[PDB]
Amino acid sequence: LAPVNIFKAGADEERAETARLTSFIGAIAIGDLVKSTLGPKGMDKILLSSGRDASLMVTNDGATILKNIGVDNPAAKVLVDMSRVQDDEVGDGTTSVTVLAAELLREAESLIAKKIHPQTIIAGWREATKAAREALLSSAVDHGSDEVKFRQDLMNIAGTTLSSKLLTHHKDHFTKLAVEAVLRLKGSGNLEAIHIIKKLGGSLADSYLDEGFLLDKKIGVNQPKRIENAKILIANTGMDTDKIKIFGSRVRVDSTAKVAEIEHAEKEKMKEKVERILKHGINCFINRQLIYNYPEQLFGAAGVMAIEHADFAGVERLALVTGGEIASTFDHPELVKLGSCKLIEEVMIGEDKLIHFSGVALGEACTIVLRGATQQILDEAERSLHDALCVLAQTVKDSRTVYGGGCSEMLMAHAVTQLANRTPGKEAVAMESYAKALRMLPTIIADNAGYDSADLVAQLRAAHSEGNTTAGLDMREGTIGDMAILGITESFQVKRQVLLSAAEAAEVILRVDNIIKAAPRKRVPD
Amino acid sequence: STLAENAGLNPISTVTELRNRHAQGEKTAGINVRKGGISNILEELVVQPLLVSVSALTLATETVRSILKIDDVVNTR
Amino acid sequence: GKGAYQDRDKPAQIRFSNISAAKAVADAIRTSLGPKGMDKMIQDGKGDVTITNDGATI
Ligand SMILES: Nc1ncnc2c1ncn2[C@@H]1O[C@H](COP(=O)(O)OP(=O)(O)O)[C@@H](O)[C@H]1O
Ligand SMILES: [Mg+2]
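Chains as they are written, first to last, in the deposited numbering: chain A, 6 to 531; chain V, 463 to 539; chain R, 20 to 77.
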């Protein structure tokens, strides 16, 4: 260290050896933190907060685990961010990507120990990634022209995605919820159209998908409690002191009777507006804002059910379900469309009452009721159903699939090994390492079930080398089996994203040779 | 056993007699705290709904199955 | 059988700790069950006093 000080007090610098040591330690620690939750027989983690009022949760999601821990190592933040954006993009694949990145870094440390320049490793990995992505692309199977095959593929994808999460206790049941719900969207990717309602009590197998719609709102006093053959007007307008006549006007008179007269005129304005609303021929009114108690009795006298305070999401979901439009100004009854439903009533679930719409016209939005015996169970169930719906929507958008259970990783590794056997120099030693990373995802899975991972991986490699391109792990017994027969199916987009993101994150981290830290901002104690 | 302990009865003998009487016919035997022994329970007019027992068993089993899935504890912010 | 060595003991320790905590809670509330069970009095840190036999309240 030079005698002259270039830095302030508290600033820090680490150079090549220490920089690489710190980065590799952080990356490997992050990978091994979440290795344990991979595959059909992974376990869950308990997270409790020291600061956030002792909040408690039980989770298996990789992104949820990584977004909550307080990492301070700079090399771990890159992995956390990559996992987060993977979750934001496809919604599945959060654990495989970070495990693969950690394995790549673990191989790179030994490669550096063998006196190989980082740039050589980077070039070898780039070529290996190109070959692996080509081999994956050539293996895709594209259905979608035939309805029954596509629906069977959707069921297989949902079952594969739900196998590692708690819902696997009732894997068939919840599968029927995951497919049908998505098929209600009629090709729209709006996942906000599916509302998930979770409420305590009852068992996990009592959950269902409603054939109509459910609102957790209330109707006004002295209005009908149920209507048959309803006609629905959906509005977004002010009804509590509607006369925000936005000008800066004021009342300046010389007598109290004039104030009384102006008050009466104010009431007549609301009466006229309510009459104009009723001119449409409705018997149900839904508003997103509050409704004062004078229009409440005006609606009650006319035998019209009124719903108040149904926020933007509720208004849009009802517009999708029934088919009306969100109207205002009520001057042209002919140009506005009304929603229709066969019955509206009130149902009682647990300890609460909800408004139930049955016999709806379109049905392009749905609601799901989750039941369970604990808050953590309900939260994890929602967290898993979200992944299932996300992957199903991705598959519907782009319908080409691959095989899971270690088939795809073995295919990629075989292609990379064949490429590496053809090239001269040190780069070959890099590419082989790449393959040894891809064959670690299957091994880990077997390691979570207590099987002899080495023998199974050797058999799988031997089978893939001779042309059996559909071999994979059969985990209900722990053998080698056909993935097409057993129905282990995944989407192409998720695997491609996992591969590309892991490769780019490893390349980004591997190029760092010097870490510089500024003086931390001191928390003001007193 | 708990019901036998809280009433000052001998738990081992009481549970053995309960099992012996349930294994040879009648299935309404129970602990009588008024008599201090084991007798038919409907003669004492103590009954309860079925939903209570069914819900209790189902919720308890589900919670145990959920607990058995955990293998780690992590401290967060 | 011959192999599959388990090199980590943390999961077993965590499972045993969970078992112990649950059994401790059950044993604590055992005494309130039955027609011949007694009540418990809880004094909150603020200073409020409750006397109860209900399990959820306790
Ligand atoms: N029934 C199954 N048999 C074999 N492998 C499976 C099965 N279900 C899922 N897998 C594998 O488990 C992996 C899924 O990882 P998972 O634990 O769901 O978290 P993530 O999908 O976020 O990595 C996939 O690579 C898939 O190949
Ligand atoms: Mg998954």
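One or more of the hints may lead you astray.
[Unchecked claim] Quick list of simulated restraints, FRET-style, between CB atoms:
id, chain 1, residue 1, chain 2, residue 2, range
1, R, 43, A, 48, 17 to 27 Å
2, A, 473, R, 26, 31 to 41 Å
3, A, 45, V, 526, 33 to 43 Å
4, V, 497, R, 73, 19 to 29 Å
5, V, 517, A, 525, 46 to 56 Å
6, A, 115, R, 45, 45 to 55 Å
7, A, 455, R, 43, 27 to 37 Å
8, A, 364, V, 517, 39 to 49 Å
9, R, 26, A, 21, 25 to 35 Å
10, A, 316, R, 26, 27 to 37 Å
11, A, 93, V, 521, 33 to 43 Å
Just so you know, these hints were derived from the structure itself, not from any lab. All C-beta atoms, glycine included, are put in the ideal place defined by N, C-alpha and C.
Sort out which numbered hints this structure fails and list those numbers smallest first. 3, 8 and 10
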